[PDB]
Every structure is written in C-alpha cells, then in structure tokens.
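Presented as structure tokens, the chain that follows is alone, the form deposited without the named molecule.
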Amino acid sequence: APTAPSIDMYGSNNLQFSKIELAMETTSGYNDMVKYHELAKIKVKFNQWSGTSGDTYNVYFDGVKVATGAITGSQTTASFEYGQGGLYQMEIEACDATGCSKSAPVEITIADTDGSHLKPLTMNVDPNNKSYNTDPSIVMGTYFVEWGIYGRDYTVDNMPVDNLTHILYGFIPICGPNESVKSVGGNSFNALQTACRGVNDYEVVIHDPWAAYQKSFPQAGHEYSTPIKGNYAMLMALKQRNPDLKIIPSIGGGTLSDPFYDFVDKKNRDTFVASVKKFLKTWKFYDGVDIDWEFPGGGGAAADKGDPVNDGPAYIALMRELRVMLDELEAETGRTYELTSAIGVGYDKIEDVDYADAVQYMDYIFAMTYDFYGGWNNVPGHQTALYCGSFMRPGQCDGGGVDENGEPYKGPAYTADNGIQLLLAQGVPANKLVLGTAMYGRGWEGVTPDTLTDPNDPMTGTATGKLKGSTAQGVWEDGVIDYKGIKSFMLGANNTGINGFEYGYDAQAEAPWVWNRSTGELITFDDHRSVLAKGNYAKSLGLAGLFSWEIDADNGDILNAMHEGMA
C-alpha cells in the first residue's frame, strides 16, 4: 500500500473553490472581473513524504469518485472540474498494484451564486422592527441600496427580512450614454467608466464590485479565501434563511436611466435583454428583473432626452422581450422569475405609456408615489401625499383650473390617488399595482411665516432653497433627510417636535410635516399615520400591497406602519 495522502490546505486555496471566478483585489471592466464557469476548476495539492507514493490517485466527494490521475512523486497537484455547488467531504486515495490508501476526510467548499455552499444568514436587526404575520399573498417590498454599506453603515443583515416579501437591490447600471451620472459628482461616473471598459454598450454591469462581492463582512463570517463576499454573498446566505423571499435587481433608477432612451432601437434591447439573461445565470440568488426607467417620454435627470411618441412603445416592447427571456430561464431552471417596474405616477409620465398593454407581461408595477414635491424648486408641497392637500388652488387637484399666474393646469395634481386612478383608468389590474411609501423626507429652507398665504399651513409658503443638514442628522444630500433622522432630530420621542421644529398633519392629503418657524425649514415625508392611510387605501382598492424606498433610512416605524396598515 502507498502512503495515505495528506491535503496541503494553504497550497490548495484553503479548499475554497467556486463556479464563479471573481477578481478580489482590483477594480476593472466587468468582463475582466467576473467569469462564470459551467464547471468549477478544482486544484488540490497533497503530500506523501514518508514511504511510497503509488502511481494513481482518486478523488472522492461524499464517497462518490469525481476525479482520477497519476502520481509521479511525493507531491501531487490534482486538477479537475466539478459543476455542482455545495459542501462535500473530500478524500484522496493513493493506489499502486497492491492496494489503495484513503486520506482523512476534509470539507471542500464549492461556491455557487445560489448560496448552496452557504449557511443561513445571521441577522442583526433593530428590535424596533416588530413581528407581524401579514397574509403571504400581500407584497411588502423595499429597496436596499448598494452604497448603504458606507456612510449609512447599513448592511444586508440589518434588514427585517421576515417583514418583507420582495427586496429590490439598487442599482444595476447600463453601459453607454450616462451624462446624468456625471453631474451627480463623487465617484459614480468614474466607477461606471471602469466597469464598462471592455463591455458593449447597453449591457448591464455591477456598479460597485467592492460593495457587491469583494468586501469582507465579519458578521457574515467572511474569511480571506472566501470566493464570494460583499452584499451579494450576504444576499445568498439570506436566501438560505428565507427561501421564499424574492430578491430582484433594480436596473436603472433616477440618474442611471440615460441608456434607456436609446431602447427605441431594437438592437440595443437585444443587447440589454441578453446581458440581463447572462447576469441572471451568473448571479443565481436573483429572482427576476426590476426596470426603473425614469422616465419614458422624458422629464427625468436627462434634460435633453425623452421621446413621448416612441419611448412608451419601446418600454412595452422591452417588457415583452424580457418576459420571453425570463420564460427561457423558467424552462431551463424550473424556477419562477418575476418581471417588475418602478414608474412615475404624474399625469405627464403615465400618458406616455400604455401600461395596461405593458403590464400583461409583468408581475408588479411599483408605483413611485413619492417625489411629488422637492428641493429642485422653491414650491412647497407634500412629496408623498395620498390625496390633494389643503394648500392646493381651486381646480388644481383634477387639473381643471388655473394657477396664480393665470395659466391653465395641463393635468391633475401630483398625488398618490391621482397616480393610481389614472393607472386603473388605463386598464391596469389593481392586484398588479404596488403603492409606494417614503422612508425619507424632502425639505426646504426659508419657508418663514411671512411667506405663507395661509398662516396655519406652511405648504402655502415659499422657500429660499434646499434643506441643509449633516450626515449625523441623516442628511446625505441637499433637500433630503432619512426618516430615522426626522424622528431623532425633528419629532422627538413624543412626536410633538424638538429643536425648534413643530409637527403638523394635513388630514385632507393624509400627509405629515415638520416645521421650524425661525429657520424656515420644512420637511415633507411619510409617518405612522400617513402609512396607515396608505395601507387602508391599498386594501380598499385591492392593490398588490406596499413597497418602500429606502430601507436603510427607516428605524423600524415605517415598515411597522406598513404591516399595521394592511391588517
């Protein structure tokens, strides 16, 4: 008998292997960084120092032979391939003409992007998130942002996953024209430039490879030789804990929507749809695709883009073509894939798309019932109100009147109700519409009493500019503040108002605000009361459920109020 082999762990990459090859210590083009292989490459070194070595070796996973080769010395490197992810007990035997000698069993890791090699994720959720057993048929969605791991310090394990049915991962960019990303500043455009080097235009890529799969998270138990790290590995482990939880990549978003405007050319859609298929086969924890085109017809971040005649038909064509693609994946894997989309709900946004047509190919429409008003101008209003507010002029709500200048309104007011009603009027089934909840405030400064036409309602005032504040207060961008920040620094424990702020609620609109009279700071958001009204509203009309944006900005209260509202 030959000497029984002993596995060189550190010379065999600590027995950590993967079906997906990921660059861990660099930042380059997408095709250069991530290669998915049908068969994982296995390379194990074993030693036989004393005695005889034999002439042939055999490799066993869980007792089944998976490889064979030749031994020619006291050191042998066994290179072979295996196309199944998971954890296996490995034994290598050495053989001569008289017999074989098995090595001691040792656990080999073969990683795959479904997380079949991963234990369920250990949760670190804020206890303020309460337990609810809401009907499983109702959708409870949220957006988890890739960049939330940095300043916001919010990670996958922080999410209250038992209170969620859908998790939309934002955002997956598209290579090509992206001048809207540039004017945001920071590193976003640079990171996108890098990711798109050696990548065809109109293909999807990972924006932040560090956040996605590189960063070691100690809470997830990420070691040095771990083949998949970052948010993606944590989401893979999350699916092991919550197998029925839907995790869907959100493509586009506000600033990353520029390439969508070239989807009127079908070859650009073909390229996109195929890359999305490749992305889904590469990252198997994903359960579909969320399209966030902002907006068909224009009126978004790209001031020079938008085709009100062609974008709508292109959007519909895209949804059909994505469905066909997802049906292929459903056939190949035996899985259910979902097609969703987040959409603007203002009259002018909806009029450019026949959604009744588009929605036949889709599972859900995430009605972006927020951002009605904001810091982009000095006109106060409710950013995420259900109904028309007290501040509005006669004939503004339905759009049949005139403004203070005298010019007629071109359509109904920016409210949640108006958005939902216009979609139902088109022929969109209620059970496919998901109502949106804001986990953030939009703010102004300079809305002082002397600017109000109604002394009791600050929404009848005039601002000087965007709200300004620190990241410690939850202000990450001008005119935008986390809900958790509003609670801690504007509302206080009793919801009466602190630090010069006063709480107010428009009962007609179902919309709250906090207001500092001296600084003129005014913040419009969603609170417990307004989310209860939205929960009731969605239940009243038989909507699919509720979704939120964004999860990191919540302290628990908003999602709690979402479940309480649907009860």
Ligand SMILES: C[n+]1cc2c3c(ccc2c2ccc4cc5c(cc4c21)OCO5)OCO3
Second form
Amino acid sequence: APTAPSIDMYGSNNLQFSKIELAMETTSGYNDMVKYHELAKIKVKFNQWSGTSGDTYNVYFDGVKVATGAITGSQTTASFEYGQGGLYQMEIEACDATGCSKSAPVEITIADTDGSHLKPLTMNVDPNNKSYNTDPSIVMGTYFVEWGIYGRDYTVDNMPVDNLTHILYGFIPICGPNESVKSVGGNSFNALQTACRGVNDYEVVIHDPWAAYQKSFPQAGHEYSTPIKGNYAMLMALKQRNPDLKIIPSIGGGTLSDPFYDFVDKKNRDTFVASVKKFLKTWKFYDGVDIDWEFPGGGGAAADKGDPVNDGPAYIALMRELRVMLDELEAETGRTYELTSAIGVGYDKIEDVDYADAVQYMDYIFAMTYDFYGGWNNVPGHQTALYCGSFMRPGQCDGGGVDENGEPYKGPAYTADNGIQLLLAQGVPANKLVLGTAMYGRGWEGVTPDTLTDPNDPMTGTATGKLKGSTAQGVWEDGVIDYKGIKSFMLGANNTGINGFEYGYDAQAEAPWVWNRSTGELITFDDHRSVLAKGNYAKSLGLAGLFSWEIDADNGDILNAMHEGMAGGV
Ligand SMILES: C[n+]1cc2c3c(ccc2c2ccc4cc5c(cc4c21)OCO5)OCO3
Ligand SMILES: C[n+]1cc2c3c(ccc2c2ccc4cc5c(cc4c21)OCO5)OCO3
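Switching forms now, from the form deposited without the named molecule to the form deposited with the named molecule bound, please provide the structure.
Let us now look at the entire complex, which starts with that chain.
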C-alpha cells in the first residue's frame, strides 16, 4: 500500500551501469582512466511523490531480488553491486507493514567488456568484398589499426568480417624506454607519455583512449551515457555478431618495440606478463595476445638496441611465460586463448631466435613476408615477393655470391620463400606458419630509364628518394601507399596503368609493380596475381593460411584474392 516507485531515469545515469569504469572526458594515465571492478556499482534514484513512501525497498532484475534497503522519504537512492553484465528488466518495490507496491519494469544495462549488453554490430562493408566459402580451418587474418579512424576514416564496421578468422588490433604499447616512438614525430610519443603516468615500466597501456573507448560512433548507436564507446565497444558488438572471430591485441610493432629489449631481465617479463593478464581480464572481447617484437637481436627502429646472444632466449622464455599465464586464464574462464607473434623473416632476423623452440608455446607465427625493400634507401626491389626476382645478381638469391663491389652476400636474399624455408629448416611446423600479404606498396622516386641495367626492368634501376604523394592518393607517409590508392590512381579500372604509370609483373618473383618512367616513381606491392601465387604456395606447403597488413588500405581486391588463392592452388 505504499506508492509504487517511479524510476528517475536521468538521475540514475540513464540506467547505464558498467563493470568497467572509464574516463570519458580527459586524457591521463592508464591506471587513472580505466578501473575494472568484479561487481558493477549500481545507483538508482526513485521517487514516490504522492501517498505514503513505506519503509523498505527491494530491487529485482528479471524477477530475482538483488538489493534491499530503507526508504525514509519521497526520494530514495538505491545503491548496490551486481556482478554480471547484461540487460535486465528491473523493478523496484516499496514495502510497509501492510504490503508492497512494485514499479513498472524498465530495462537496465550493465556493461561488460565481452559485449554481453550489446546487440550484434551493424556492418557497412564496401560491396567490392565478395563472399567466399573458404574452409573455416584456414587462417585468414588481418591487422586493424587504432588510428585508422582518423584521416583514413576506416572503422570497425567497415571490416569484411565474414572473410576473416583473426583480427589483430594494432598496436598496444608498453611503458618504459620508447625513444623510437619519439623519432616518429607527431603526437604518438606525447600520447604514450600521458598513458604511462602513474604506470610501472614494462606494463601495457592503451595508446589512444579516445579511439579505443571514448569516441562516440553513431553507426554503433553510441550516445552520451553509453559506458563503453570507441573501437573497443564496436569490437565487442562485432564479437556478438561473429562469436568465432578471434580478436587479438598486437603488442609492439615497428615503432613500439624498444621495451622488449629489456626483457632479458626476468623481472621485466614478469611485470609485462602480469599486466597482459590484467589487460585481458579487463577487456574480455580479446581472445589471446600477439607479440610483435621488431626484432629480437636488433635491426629494428632502435639503432642502439639488440642483443643477438640473449634476445632469442628471452623471446622463448617470454612465450613460455605468456603461455603459462594464458593457461591460467583458460582455467579461470573456460575459454581458449591464442598466443601468436609476427616475426621478421630476413635470414639475419630468423637466425637470432630458435623458433622451433618458441613455437611449441604458440598457436601461430605471422610471417612478415613484406617490407623486404622500401624507401629507406635508393635500392629498388620487390618488397613482398614470393621468390627471387629477375633483378637479383648471380648467387644473391641463396647468398652464395658477391655484390657489385665484390663483397660476399651474408645470407639468402629477402623473399617470402627464403624466410618460410629458413623457418621450416629450424623445425617450425608448417601448420603454425601464416604467410603475409601486403595491402600497400612501398615506393621510390627518381628511378628513370637512364638508371636501369636491364631496360625492361625498373627493379634494376636506382632511386633518388622515397615516393612522395598526398593522403588523397593514399600516401600517409613518404614511401608508402595504400593498395586502394595504387588501384585508383596508378592502375585504373583495367589494371593497365594510368597517370603516366605502367604495370609490370615479375613472373619469376611473383611480384607486381607500377612505374612512371618520367618521374621515375616506382611502387612494389601485392596484387591479385601475386596473392593467388601466395595462396597456392601456402596450400602446397600446408601452411596455416594467410594474413594481411593492414585492412583499411585494401578496397576488397586483396582479401578477395587471398580467399581465391586458397581455394584454387594446384
Ligand atoms: C634498421 N631499422 C629498422 C626499422 C624497422 C621499422 C621501423 C624503423 C626502422 C628503423 C628506423 C630508423 C633507423 C635508423 C638507423 C638504422 C636503422 C633504422 C631502422 O641504422 C642506424 O640508423 O620497422 C621494423 O624495421
Ligand atoms: C630496414 N631499414 C634500414 C635502415 C637503415 C638506415 C636508416 C634507416 C633505415 C630504415 C628506416 C625506416 C624503416 C622502416 C621500416 C622498415 C625498415 C626501415 C629501415 O621496415 C618496416 O618499416 O641506415 C642503415 O640501414
């Protein structure tokens, strides 16, 4: 006989609660911005404006009692805790000695990072991405980059998710020495310095919390009170649409690898491994961890770092220790967690790690079979060839010869096949290896006909510097261009060359190029024909499948060719 409560929606945070508490309106240290709680804190205001208020309240979710407390006036705030994410029909009843009166039910949201409170994501995928019926046992992976939401304008809902088995989310940095990040210019180092305030060295943080969880995405139905937004809420809704899709954070990458060189100290690994366990208990849509240390032994962005005696053993121990941690998570959750790593495949990268030892702890190795040549110097070559190109010298392919100064080759040439063969020869199983496809070209300028030693092959020429271009043509940094830019502005509809470019294909290497003879602009990339060759190669050798880098640069053609190559190789 009290008055039935009316819920005050706006005074109760619009009934949007969360096990994860996330700063939405500042940028500060990761530990100050993100706190995961085992029980969500719930606070619901209700009113009984007329009649008697009664003396006690009970709160029900789907008919089950979850809280009780005192009513002592016409406005009551019910505060309590609840441990399970989801949408629930809440009722609140007011009671006195004569009986109880129950509010009408209203949906309350308890957000959790597995996306249990979210409907499947609505997709907005370019229809140039076709449908395929590729065997679900074959890996078809890609990287999605956190910053792709800015100028590139490529969001989670744009991914052709039914054509993917694995999304690697790039990149998760590690706090500590990060001089390489500084060298990149822009805001990347400053963002990282902020994220690490109040964080121990060697622990992981989110690099860009605005992209990751604050940015409101209209297409995902985000509104002001949504407790998780950004890429991560979209990935959580994506897991609701595609529960078998694996989404894996990639830690490191070319510019964020500097802290890994301290993992020769076990205390640093322990700190890192513990922080990765916590990260996966916080962000539960993630299904494992990908380690992208570029590179054990050195030769990466950090010119003064690299230990060829100790980095390999440290990498193996890291993999062993991550696998131990992941087994604890598998025990705690009943889920499967994957451990993978993207690795350099030049012979001088491979020779610094016993991968046959490391891979016993891993589900997959993503072989970085790209970036073999590029704008960092003036030597053209195929950046992502399967085999040795016509432009290589006698003995250069297997490393048994000498260069044009007469200096001995130090090892086999950089090609996908040489890398894969080196890894198989160490005893890495073929069905653990995933072969990489590039969705971008690298490029030079100044490779004009007068520099060529063979007049029909621009790979025999010499450049004056990196390719220059604008972001409108897909050039986001000097010397690199999106595959979709190459297609729009160099190849054209018929794949025969536009704007002064001609197309060529080195059949021995399995590698395409476009070349503008007058500017001497030359771009090495992967196309439909080279990606079919890679699929046939993967099939022949019984590799795990294919992956690509990076998905925002594709227009559908590369991922389609990955699927086509994996169906049809003889
Ligand atoms: C050898 N490397 C590899 C890299 C690399 C990256 C990104 C940057 C680099 C890099 C950047 C600056 C450098 C500067 C250097 C150098 C090497 C590098 C260098 O030699 C000494 O002067 O993705 C992984 O592979
Ligand atoms: C592979 N390298 C060798 C270099 C180098 C230098 C100076 C710079 C580089 C460099 C710079 C940026 C790079 C960026 C890259 C890369 C490789 C490099 C890279 O591969 C992935 O993206 O003098 C000694 O030899």
